[PDB]
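Student: Letter by letter, the chains look like this.
2 protein chains.
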Amino acid sequence: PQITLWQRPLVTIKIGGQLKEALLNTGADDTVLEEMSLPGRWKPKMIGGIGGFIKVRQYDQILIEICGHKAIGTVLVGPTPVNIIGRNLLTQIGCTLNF
Amino acid sequence: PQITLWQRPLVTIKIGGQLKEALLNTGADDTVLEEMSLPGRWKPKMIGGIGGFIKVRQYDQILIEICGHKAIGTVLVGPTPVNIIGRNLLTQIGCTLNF
Ligand SMILES: COc1ccc(S(=O)(=O)N(CC(C)C)C[C@@H](O)[C@H](Cc2ccccc2)NC(=O)O[C@H]2CCO[C@H]3OCC[C@H]32)cc1
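Order-wise, the sequence lines are chains A and B. Here the first sequence stands for residues 1 to 99, numbered as in the working numbering. Here the second sequence stands for residues 1 to 99, numbered as in the working numbering.
Wrong hints could be hidden among the right ones.
To be verified - Short derived list, chain A residues pointing at chain B, Cβ under 10 Å: (1) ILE3; (2) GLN18; (3) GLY48; (4) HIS69; (5) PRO79; (6) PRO81; (7) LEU97.
To be verified - Distance ranges between label pairs, derived from CB positions: (8) B:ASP29 - A:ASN98: 17 to 25 Å; (9) B:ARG8 - A:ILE72: 18 to 26 Å; (10) B:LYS43 - A:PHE53: 21 to 29 Å; (11) B:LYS14 - A:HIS69: 34 to 42 Å; (12) B:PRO39 - A:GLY68: 24 to 32 Å; (13) A:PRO79 - B:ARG57: 21 to 29 Å; (14) B:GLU35 - A:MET46: 20 to 28 Å; (15) A:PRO44 - B:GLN61: 40 to 48 Å.
In case anyone wonders, no lab produced these hints; they're calculated from the structure. All residues carry an ideal CB built from backbone N, CA and C; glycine is no exception.
Could you put together the complete structure from these sequences and hints?
Tutor: The following block contains the structure:
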C-alpha cells in the first residue's frame, strides 16, 4: 500500500507467534521491539538514540510478518518506548519513500 | 523522487541560510536539528527518544528547504546525534511510504 504521514505509520506485525503494532521507521537502521518473549539464543548489544543508550538483546534470522509481508532478519529486543521497524526489514518488504 | 532504503535516506536541506544534510525520518513526529544558529525567539522543550530525553529549543514558522521542496514549520534544535526531518515537515513536501 501507499502510506501517508499525517499520522504515525503504524502497522500490524506478527513475530514469535505474537501480534504487535510497530512504527515503520526510516530513521532507524535496525529493528527494535519492546521486551517480548522470543525463543532463540541472543547476543548483548548497545544501541544509541536521541537521549542516550539502551541495552538490547540481538536475535538473528528472526521471521517477522510486517503488514502481511514476511521478512527474516535481525531483531533487537529491549527498553525502546515504541516498537520500531528499521531499514534492515523495510528493504525486504520493498518499502520506499518513493513516488 | 523515489528513495529506497538500502542506505540512510539523507537529503540536503537549507535552513537559516545554511546548508545541511538530514535524515528523512518517518519514525519522528517532530524535526530535530543539531545545534545551529537560528534567527529569533524560541521556547524550551523536552523530547524523548530511545535512550532518554534531551532539551531542545523550539522554533516555530521556520522556512526550510528539503531536497528542493520548501516547507514552513516547527524545528527543534538541540543535542540530537543526527539531523532528522520528521512527519511535521514530511507531510508538507508530500512524502509517502510505499510497499
Ligand atoms: C542501532 O539501531 C538503531 C539506532 C537508533 C535508533 S533510534 O530509535 O533511536 N532513532 C535513530 C535516530 C535518532 C538517528 C530512530 C528515530 O526514528 C527515533 C525512533 C523512535 C524512538 C522512540 C520513540 C519513537 C520513535 N525517533 C526519535 O527518537 O524521535 C524523537 C524525536 C522526533 O520527535 C519525536 O518523535 C517521536 C520521539 C521523538 C533505532 C535503531
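Student: Hints first: check each against the structure and report whether it holds.
Tutor: Results of checking the hints against the structure:
Because the closest C-beta pair between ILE3 (chain A) and chain B is about 4 Å apart, less than 10 Å, the hint holds. Restraint check, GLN18 (chain A) versus chain B: the minimum CB separation of about 21 Å is more than 10 Å; hint violated. At a threshold of 10 Å, the smallest CB-CB gap from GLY48 (chain A) to chain B is about 6 Å, leaving the interface hint in force. Proximity of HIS69 (chain A) to chain B holds as hinted, the smallest CB-CB distance being about 7 Å (cut-off 10 Å).
Evaluation of the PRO79 (chain A) hint against chain B yields a held restraint, the C-beta minimum of about 9 Å falling below 10 Å. Against a cut-off of 10 Å between C-beta atoms, the interface hint on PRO81 (chain A) holds, since the closest Cβ of chain B lies about 7 Å away. Taking 10 Å as the C-beta contact cut-off toward chain B, the hint placing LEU97 (chain A) at the interface holds, the least distance being around 4 Å. A C-beta distance of roughly 21 Å is found between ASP29 (chain B) and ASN98 (chain A), which places it inside the suggested range of 17 to 25 Å.
Hint check: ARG8 (chain B) to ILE72 (chain A), Cβ distance near 22 Å, so the stated range 18 to 26 Å holds. In this structure the hint that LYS43 (chain B) and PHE53 (chain A) lie 21 to 29 Å apart at CB holds, the actual value being about 28 Å. Hint check: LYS14 (chain B) to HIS69 (chain A), Cβ distance near 36 Å, so the stated range 34 to 42 Å holds. The supplied range of 24 to 32 Å is broken by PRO39 (chain B) and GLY68 (chain A), whose beta-carbon atoms lie about 47 Å from each other.
Distance hint check: the CB atoms of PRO79 (chain A) and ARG57 (chain B) are about 27 Å apart, consistent with the given range 21 to 29 Å. For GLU35 (chain B) and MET46 (chain A), the Cβ-Cβ distance of about 24 Å falls inside the hinted range of 20 to 28 Å, so the restraint holds. Take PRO44 (chain A) and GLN61 (chain B): their Cβ atoms lie about 45 Å apart, and the range 40 to 48 Å holds.
Checked against the numbered hints above, the structure breaks hints 2 and 12 and satisfies the rest.
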